[PDB]
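J.: These are the residues of each chain, in order.
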Amino acid sequence: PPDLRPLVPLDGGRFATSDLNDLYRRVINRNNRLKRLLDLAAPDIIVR
Amino acid sequence: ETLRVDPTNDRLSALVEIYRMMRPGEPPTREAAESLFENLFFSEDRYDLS
Amino acid sequence: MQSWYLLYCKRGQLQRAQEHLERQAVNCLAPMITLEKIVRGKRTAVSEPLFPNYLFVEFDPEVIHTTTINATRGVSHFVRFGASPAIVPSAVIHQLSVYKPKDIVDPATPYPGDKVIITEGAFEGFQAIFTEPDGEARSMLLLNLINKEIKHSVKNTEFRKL
RNA sequence: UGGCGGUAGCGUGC
DNA sequence: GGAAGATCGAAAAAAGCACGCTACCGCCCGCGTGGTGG
DNA sequence: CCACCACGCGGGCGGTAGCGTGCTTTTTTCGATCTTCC
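Protein chains in written order, with full-length UniProt numbering: chain A, 246 to 293; chain B, 349 to 398; chain C, 1 to 162.
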């Protein structure tokens, strides 16, 4: 749940991002890239 | 005894073994191993005894 | 004795890495897609790197070591399936040389007739049909009143892809 | 006014 | 007389390192890429 | 034509390689012998 990984509102408009959010973003980006490359029918080594 | 347990028997073999120990995975070769050994302890850039 | 390898490049540094590698006299290959469309516009028909951040290099390890290729001002790393770098078969390279027919499917679709979500105003949370790509910096959308749909020009970033 | 890392200090057999 | 269980030491990997409290500093991606203005 | 501001998408960093380097205890694995036999 988002509250267990809250975004602390900092002064000046910046937001403090927890490590869990960064890891989730990395996983989501990697999954989306893999799906896009699978759609494009990439060679075996690239998809592996 | 150390020479007895030493598998290498020539300078090239020793250099290849040293390169393999230092940089595993990369394909060992004469030029890369020689350059790495020379630059490890005999180059003014990488090595500097004060 | 020359062999093919695949390496991962840094973000937005394919051209610099390619130039450095060509300076180091290693054959470079990278699929290029030209029939790609994005919401950015400005003559969307422009060469883009297919299979992004992947570059194929043909060279002999004896002539130039793999460590030199690893650090060549833009090459992020090698594709390693284990300790040693992976070597692609020549059949894969030969296929990829003439494989590319240009791909229609794109992550962003400015084509007419594609539903597009609005996130501003009273139209927020509603989908609208696309009229046609008019202009380069922006494209016009067919807003959907309950009575009827009518076209109108909007900013490219104003609308979101659905 | 929310947290991490570093630094220093306090009370811990006299 | 060669193959399977024993073992045996040697090396590699994982987990732990007291409890409360106070004060200060630094940081809370970031870099290419497009937009726009002078 | 150049410089400042906003916005989105990857990931060790930076470099034409290498960076490490003052603990102890427990658990796991492996090469090497070994040894014991069927």
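Quick caveat, the hints were computed from the structure, so don't treat them as lab data. Careful, some of the hints might be misleading.
DSS-like mimics (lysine-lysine), calculated; alpha carbons at most 25 Å apart, straight line [said to hold, decoys possible]: (1) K280(A) <-> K10(C); (2) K280(A) <-> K115(C); (3) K155(C) <-> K280(A).
Partner residues are not named here, just some residues of chain B that face chain C (Cβ under 7 Å, in silico) [said to hold, decoys possible]: (4) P355; (5) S361; (6) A362; (7) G373; (8) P376; (9) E382.
Computed footprint of chain B on chain C; a stretch qualifies when at least three of its residues, placed anywhere within it, have a C-beta under 8 Å from a C-beta of chain B [claimed, not checked]: (10) 74-84; (11) 94-100.
Built from N, CA and C at the ideal position, the CB exists for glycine as well.
J.: Take the hints in turn and mark each one as holding or not.
T.: Cross-check of the supplied hints:
| no. | hint | verdict |
| --- | --- | --- |
| 1 | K280(A) <-> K10(C) | 20 Å, holds |
| 2 | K280(A) <-> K115(C) | 22 Å, holds |
| 3 | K155(C) <-> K280(A) | 29 Å, violated |
| 4 | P355 | 20 Å, violated |
| 5 | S361 | 18 Å, violated |
| 6 | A362 | 19 Å, violated |
| 7 | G373 | 4 Å, holds |
| 8 | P376 | 10 Å, violated |
| 9 | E382 | 11 Å, violated |
| 10 | 74-84 | holds (count 4) |
| 11 | 94-100 | violated (count 0) |
Consistency note: the structure conflicts with the earlier hints numbered 3, 4, 5, 6, 8, 9, 11.
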